Amino acid sequence: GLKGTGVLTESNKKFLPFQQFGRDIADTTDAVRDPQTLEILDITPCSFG
Amino acid sequence: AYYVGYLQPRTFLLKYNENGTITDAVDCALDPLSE
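Heads up: the sequence lines are chains C and B, in that order.
Each number in PDB author numbering corresponds to the 1-based position in the first sequence with 541 added.
Each number in PDB author numbering corresponds to the 1-based position in the second sequence with 260 added.
With the rest of the complex left out, here is chain C:
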């Protein structure tokens, strides 16, 4: 249900075993857990300028 647009790179984030989302400075989701493999995936929005 979390909708977004970006590149799904490897996060290198140490989530606690209950945690599902990662936030850094705002309401953006910086890192997200894979629902199937439980791999922690980064959310970086696509390149812009």
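Please keep in mind that the hints were generated in silico from the structure rather than gathered at the bench.
Be aware that a few hints might be false.
[To be verified] Simulated pairs of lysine-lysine, DSS-like, Cα-Cα distance not exceeding 25 Å: (1) C:555 with C:544; (2) C:554 with C:544; (3) C:555 with B:275; (4) C:554 with B:275.
[Said to hold, decoys possible] Computed far set for chain C versus chain B, every beta-carbon distance over 10 Å: (5) 543; (6) 567; (7) 568; (8) 583; (9) 588; (10) 589.
[Stated by the list, open to error] Take a look, some chain C residues computed to stay more than 10 Å from chain B by CB distance: (11) 542; (12) 569; (13) 574; (14) 575; (15) 578; (16) 584; (17) 587; (18) 590.
Even for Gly, the Cβ is constructed at its ideal location relative to N, Cα and C.
Since chain C is already given, all that's left is putting chain B on it; use the hints.
This is chain B only, laid out in the frame that chain C set:
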């Protein structure tokens, strides 16, 4: 010995570390230094 506290609606500033662990907190309605 067992301890019973009670919960209040209260604002905190939580110190997350680099590992995602909450290491410290400020009770924002404790004393005016905390405000």
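Practice problem: Would you check whether the claim that residue 578 (chain C) is not at the interface survives, using Cβ distances to chain B and the 10 Å cut-off? | Solution: 20 Å, holds
Exercise. Below or equal to 25 Å on CA atoms is what counts here, so check residue 555 (chain C) against residue 544 (chain C).
Key: Given that 25 Å is the threshold and the Cα spacing comes to 23 Å, the pair holds.
Practice problem: Decide, holds or violated, for the assertion that all CB atoms of chain B are farther than 10 Å from the CB of residue 589 (chain C). | Solution: 28 Å, holds
Quiz prompt | Least C-beta distance between residue 568 (chain C) and chain B, which was stated to exceed 10 Å | solution = Its Cβ never comes within 10 Å of chain B, the nearest being 16 Å, so this holds.
Quiz prompt | Distance restraint between residue 554 (chain C) and residue 275 (chain B), which requires alpha-carbon spacing of 25 Å or less | solution = The hint holds at about 17 Å.
Quiz item: Is the Cα-Cα distance between residue 555 (chain C) and residue 275 (chain B) 25 Å or less?
Solution: 17 Å, holds
Practice problem: Could you let me know if the closest chain B CB is still more than 10 Å away from the CB of residue 587 (chain C)? | Solution: 26 Å, holds
Quiz item: Does residue 584 (chain C) really sit off the interface, with its C-beta more than 10 Å from all C-beta atoms of chain B?
Solution: Residue 584 (chain C) is indeed farther than 10 Å from all Cβ atoms of chain B, at 16 Å.
Quiz item: Beyond 10 Å from chain B, beta-carbon-wise, is residue 567 (chain C)?
Solution: 14 Å, holds
Exercise. Compute the least Cβ-Cβ separation between residue 590 (chain C) and chain B, then decide whether it is above 10 Å.
Key: Holds: least Cβ distance 29 Å, greater than 10 Å.
Quiz item: Just checking, residue 575 (chain C) versus chain B, shortest CB gap more than 10 Å?
Solution: 18 Å, holds
Practice problem: Could you check that no beta carbon of chain B comes within 10 Å of the beta carbon of residue 569 (chain C)? | Solution: 16 Å, holds
Comparing the model with each numbered hint stated earlier shows that all of them hold.
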